[PDB]
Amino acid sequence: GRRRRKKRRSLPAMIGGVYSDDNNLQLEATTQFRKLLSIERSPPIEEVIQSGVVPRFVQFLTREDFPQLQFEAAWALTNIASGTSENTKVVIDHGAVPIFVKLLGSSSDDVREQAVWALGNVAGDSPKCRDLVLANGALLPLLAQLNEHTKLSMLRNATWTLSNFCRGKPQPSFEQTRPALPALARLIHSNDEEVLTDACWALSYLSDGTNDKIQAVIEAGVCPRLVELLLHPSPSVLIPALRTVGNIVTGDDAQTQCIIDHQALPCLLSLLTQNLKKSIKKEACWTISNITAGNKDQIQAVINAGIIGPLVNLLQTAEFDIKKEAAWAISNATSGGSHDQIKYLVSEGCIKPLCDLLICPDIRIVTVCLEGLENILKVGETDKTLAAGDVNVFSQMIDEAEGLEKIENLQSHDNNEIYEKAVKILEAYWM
């Protein structure tokens, strides 16, 4: 039941200046180009390209004697590359990528930072551009010049760039991004909201895939801190943290337990009971659902945390996108849970809201709720049998919640799977 799923850190005279061999004119004209290319809205990137200065800017990048010119040229190029994909291609075509990688070793902090920002912008353009940046060996030198003393502006640029290196579908080669894990594991210990935001997004990308990927993320040691970040007051941090936690719990039971072991369930509960955006509650319910898809000890941990009552209430009353996830959460619990655990779900009032969703237009959700009801009916039937009783108490509850009439009406459902289950349910419990 476990369910997998850029930028932000006189022309003729300028052209002549850039093409001059006078240092002061070169610098003055490149700065002028940078500023032109920096403007708030609709920058004239296409005009600058046609003048032929891109190859010149690229040449300026190699001027190790003249870091100020390297810096302005880098900025100008990145402003060009931050435009359309066609603009980015022009910069790539002129060999800027390997040169930016080399500049990650510049003795000038400002030039290194520009290079980091340039590469993030290129990588951000598309998965192919991302892969090109990685194939040119960007990551290790990017990481190498990060240390205990690194200034905040560089930490911010670097983390954003790293996130761009991890982002996108198809996903980048995991072996290509692995080196980033230890750094991101340290970066999530920052208190800076921008670093935390981009570091969490990056971990959210890395943890999105198969269980081997998730295992790599866990082994980086990030679970405890990620659970802390579930409590971050900024939604910009909370959202990617929660997505990463949610991704991790899509793995196997042992992987899921690494999240549970750090009191994630009480954090997740607080997400349901605070006045938070619906998309946040949705994702929290999704995360819970992948925990209730676990073993009976994991379902028990959800119960112990006090989640079932609030979750039933969401299932009854929340916006539909939340209801859907809450449905999977409750239904998964009825599927992997013990007889006694299922009885507890019923005591918390889950029958009525499962019944009410049998008329919803999403057939996957109908099916989930019908399966949950069937699991509940089985438990009721077992109780009846063990005492040699005359009635299935849960069947009566389903009748009283108007679920029986809804199940009878599902005999008219187009979908064959729903039809067959409804008939089977009726035949077993209301013959």
Second form
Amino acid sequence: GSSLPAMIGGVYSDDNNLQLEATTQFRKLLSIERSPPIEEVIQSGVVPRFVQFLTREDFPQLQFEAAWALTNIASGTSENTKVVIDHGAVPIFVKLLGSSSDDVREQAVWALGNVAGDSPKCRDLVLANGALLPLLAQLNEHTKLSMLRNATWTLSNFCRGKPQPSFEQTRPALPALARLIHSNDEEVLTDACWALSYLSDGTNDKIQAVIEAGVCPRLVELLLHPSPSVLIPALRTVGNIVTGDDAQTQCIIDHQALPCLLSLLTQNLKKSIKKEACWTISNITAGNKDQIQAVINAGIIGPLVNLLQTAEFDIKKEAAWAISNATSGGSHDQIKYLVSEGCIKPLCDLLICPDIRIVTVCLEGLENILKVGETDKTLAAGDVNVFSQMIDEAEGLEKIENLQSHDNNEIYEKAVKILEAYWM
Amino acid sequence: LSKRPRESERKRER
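Just the form deposited without its partner chain so far, so send over the form solved in complex with its partner chain.
Below is the entire complex, every chain and molecule, led by the chain shown above.
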């Protein structure tokens, strides 16, 4: 308000003290908690001067205040961030990653995090200006916690967003991230885990690089972190890795992930966490017979069947895939074990749910079970498929009979196939 | 069984 002219005059003067005083006043203004007057500061024409001040390497205090003011302008809308970009600040902030002033380096790290954070395009511009390697180079065994937090956050923004950055562009981050997840600091952990969650989201080559960075054992430890801020991205990353092939999935299983994931289903945790854990388990029971056996040995099937029967629909859906996948890849005895743990009833109950994908997955699971029952029938020269009796008793047979009315052709044909094979 | 793939601004003022 009433100070503004002295402030604009200060930044436009050639006097070091007036520049520092004015820039400091603007920095304070831009640091107010709610609705900082970012637009007013831009309109007052001081941004290009702030950007010039970044290059004053004789005057680290002015560089710092100017960097903080610019960080805060770049924390606003996309249009606010675009003004910082248009005035050439990104390459200058990258250069400041090599400043001998610790405060300035940290501020430059923060500023670049805010720019990268705006969108995939701004992230790509930051990476294109070579920010990654100098960001990493000034990290080491001696780095202040305040710097570790800022750099890890910025790193996570360099990795964030769809479409994803090139894997070649973010690869140098993997070894730093693999070290950072050994911090005990929750903030560093939170951001490093988000970053790994982004880098592991994609094709099996991306997952391979993440695994080769050596993170699996520690990611699995962090499944037990008491803070949801850490647990959630750790769990997301673990989930991403087991979308990969059998050997990649085995790298997670080999570090007692399954007992950890089970404890997430049995603690009193938010629905979205349990849903994530069931999805992850589902991608594990989609694996080979040894991996199914590991899920069994961990004691997961009982809890999983209870969820399938009684949980909120979002969780039930993942439990369904999880049980159905196990019936698809499992051996005869593994399948009998799922039946002895009570899976038939809940699979039957879901034949009437409004989601056709789930109806199909339940039907397929029941079909796999029926085949097993029929093999037992043959081997005992028996009269009855025991599992078809069970499906009948769970009121699954009448539900299958009504699926002959279903719109969906795949469901219809499957139902007919099942009825003709086991009830003719 | 079958593997199933995974089912904005992020800024900080100082």
